[PDB]
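To begin, one chain is listed below as structure tokens, in the form deposited without the ligand.
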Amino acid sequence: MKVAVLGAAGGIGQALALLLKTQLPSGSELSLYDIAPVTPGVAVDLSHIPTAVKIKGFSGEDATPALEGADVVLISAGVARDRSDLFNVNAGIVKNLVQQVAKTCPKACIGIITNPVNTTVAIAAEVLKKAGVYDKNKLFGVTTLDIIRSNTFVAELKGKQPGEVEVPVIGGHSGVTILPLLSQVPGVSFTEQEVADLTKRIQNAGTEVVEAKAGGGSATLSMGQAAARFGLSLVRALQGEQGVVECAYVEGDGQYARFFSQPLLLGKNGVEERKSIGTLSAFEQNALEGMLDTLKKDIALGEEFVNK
């Protein structure tokens, strides 16, 4: 299986590429692309790690050599911090990269990491549609960082093994759109104050990092970790492994919005089943309805960026 990382020279991309180099299965191939000229050397650096994963790095404007034969494409290109100017830049980047994906490896599974995910998977979808290669089963907004933060915060609050906690997270990927299903964590229960506090902490966790970094940026290492978990799940599922389940932001039945993060059974063709979000608590139900307009705006912003 071959994985391409577009945006490989960034903080998220290097973390991701490191975890993938040492965690992909033997006989996997890893290729790195970024416009930054260090990129062939990021690959060379990683190539000195004795694992059975072939790795190569590529720069320039054309991502084609990185993309040829790619089974999974993970996109983490873009900056983090006018606010209109930076969005236009990140959106432009996703639009371009996905267009390269569409030309070279249209049957790849595509993980969009670049933020704002609510909006950027919509951009991605529209680009793939205009190329005529859009498969809704193979495009994902990578929301996995929401899940692993949730697992961490629950484990610390409830004194649990952090690796034994797995919290479902549905909705979208920013602020009020992030909905952790704390009522569904097996063997743990929460107070209403705890639900309100945990939920707000999860929804604002990116700001927590930004603030402690004192202008040195947003989450990079946890995000590379999150994205690795997700890419390795897609890989496992593509190789035929069963019961691989991840939450991710995908185009589904449209009950809440056109794109929505829900539990997914993953398979040989990407999404094998969009699973039910199950029973919500009153607090969760209210949180779902209170966010829907926000998420629909995020989506529309992405559709308009492409279609004018």
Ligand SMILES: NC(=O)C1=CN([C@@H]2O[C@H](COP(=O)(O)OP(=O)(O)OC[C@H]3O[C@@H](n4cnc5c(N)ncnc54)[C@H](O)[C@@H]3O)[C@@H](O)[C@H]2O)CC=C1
Contents of the next structure:
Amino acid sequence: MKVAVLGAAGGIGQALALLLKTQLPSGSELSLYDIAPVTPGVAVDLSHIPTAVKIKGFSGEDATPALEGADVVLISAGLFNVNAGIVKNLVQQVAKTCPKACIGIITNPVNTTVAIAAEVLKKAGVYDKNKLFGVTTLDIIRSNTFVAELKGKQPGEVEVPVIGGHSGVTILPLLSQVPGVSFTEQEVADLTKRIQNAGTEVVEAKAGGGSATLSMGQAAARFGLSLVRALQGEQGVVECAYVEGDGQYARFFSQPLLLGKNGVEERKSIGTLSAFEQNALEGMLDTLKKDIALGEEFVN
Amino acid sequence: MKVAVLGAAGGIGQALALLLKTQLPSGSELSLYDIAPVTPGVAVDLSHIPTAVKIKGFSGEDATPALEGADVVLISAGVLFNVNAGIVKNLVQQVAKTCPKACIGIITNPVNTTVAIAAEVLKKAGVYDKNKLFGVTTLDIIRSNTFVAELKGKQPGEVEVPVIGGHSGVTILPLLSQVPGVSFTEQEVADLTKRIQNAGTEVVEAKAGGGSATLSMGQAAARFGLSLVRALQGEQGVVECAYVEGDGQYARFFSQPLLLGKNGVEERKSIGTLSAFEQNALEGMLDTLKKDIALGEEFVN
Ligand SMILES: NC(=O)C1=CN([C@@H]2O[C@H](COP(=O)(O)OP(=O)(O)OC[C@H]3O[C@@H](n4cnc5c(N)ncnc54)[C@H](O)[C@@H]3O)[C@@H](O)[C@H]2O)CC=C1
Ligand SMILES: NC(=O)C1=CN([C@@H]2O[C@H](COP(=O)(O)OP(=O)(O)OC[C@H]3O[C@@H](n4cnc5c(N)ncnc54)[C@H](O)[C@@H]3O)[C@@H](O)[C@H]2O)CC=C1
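The block above covers the form deposited without the ligand; next, return the form solved in complex with the ligand.
Below: every chain and molecule of the assembly, starting with the one above.
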């Protein structure tokens, strides 16, 4: 089991690397890759932690040594054209070195960058739609936190499904599907807007001096550790993530996924929707389809 | 329990805050303070993680709202010696005034000196409790565990090396002769001791200008802070090595294994039987360690 983090010297990358060094299964391997020259030393720093996870760091423009043998690749590297070009650059290297890895895209805008990655993998002839994921997990853990606060529940016991996309009106938390929890329509509307805009809470409180890094590291570690468990054969592992699916709603769409040894094992039904959720779903499909087309176009 | 992290926006501080948010017991509180203006948003960032740990962040020059009601204060603030010594003096003055019964863990370097600064500030404030002031040396322990486990084919999480003395260079003394279940050759002792003493330099060189250890120190500080919290809550058998004012047999401040309890140090434990190598290393570093201590006493006095 080898996990590669691309963008590992960044705010998200170092938090993710710290959590993976401490939480990956014993016997795992972790590789860190970033164009920042500090990256080998970030790994050495982390290698002093006494867990059975072997870690090495790499810099320069050739990610090959970090990607060789990787089972999972998490990309937190990173205005649109710059991030789009980074994802294209890195996924080209993934395609050449570890094309059978599960790939988690953190780089925003996820709705678009996942489509960029898919087209790159298709042009290389190695695209496996069961192994490409947009990491939306921050939407889920935010939803869990906010619902638990409002309902006086223990935050670690609340799990909110979140479907759709990962930006603005495309984020659809299914607050109607939370066990033991029931909200008024006004509460749903206000809480949905809060979840959709939650990243701005961080930006504003950082005094305009930064964005969410630590909670995204945690969300990415949750998603990555879920992939690792499933790839090892553990059963019952379910995460929402933005994937190419059956196209019922859009070509790419986030929904609950049963994970397994080949990536997605089953794309699960989004289930029964409230009137609010049905309306919001219909209402954002045009936006989501435009985000997807922007990625396909960028690669041409 | 409430834990306050001073210096929380820095490299160590953010790592430490992330680990505490995720690992402190349900019902805990976490406060972050740093003069960096990002700090309230570091806390809001972490507040989005679904654990039962209330977190708030603070900036400006007044740490009082972060420190009110704190049970544990961890200080990783920094900007060289004179400015960092001044930061420690300033922050411990604020602790002495606001939460004088808290356990205080000094991470800011140089620990051998800055703990002496803290003690003399607390003495001047009239609230010094030598059972509650700690130099956080845990990074030396977890490094030792890692290196020993690798050499001896042991599971890293099953190795625990006592480390005594101070926290810099030749003052770091890993008691490899006391590692349960493991024995070492003389040459293995020499190699491991050198590596453990120079491991901080090891990261500086590898980071190629990015500086000292941050993430592994976050892990070490979280281990230490979590041990203090468990002991304050009444858990039994919680032992950590840390740099404290003790009986002064070797130096005024000295790191040794400590049994922790509800008032901080419950028992300062004997360093035990030392090998010839360890005894020579202990005697050899005492002059250096005493000079480090006197530097910190003089800074305040
Ligand atoms: N999916 C989500 O929910 C979230 C995703 N976010 C995205 O995460 C990305 C990174 O954010 P931060 O960590 O805060 O930014 P950061 O600037 O701290 O780190 C980005 C890192 O990418 C590295 N990088 C750039 N180009 C390359 C390359 N070609 N190869 C390897 N590494 C490279 C760069 O050196 C830097 O260390 C941004 O694009 C954001 O769009 C932000 C937070 C939420
Ligand atoms: N005890 C140990 O084993 C270790 C200790 N280390 C020391 O830890 C300290 C911090 O290191 P880093 O996190 O990398 O440095 P950093 O520069 O990333 O963070 C220091 C932080 O302190 C903040 N700060 C400065 N002044 C104040 C103040 N008056 N009140 C509150 N906050 C303030 C500053 O804004 C900054 O965010 C240094 O002295 C290091 O030498 C480094 C690694 C190991």
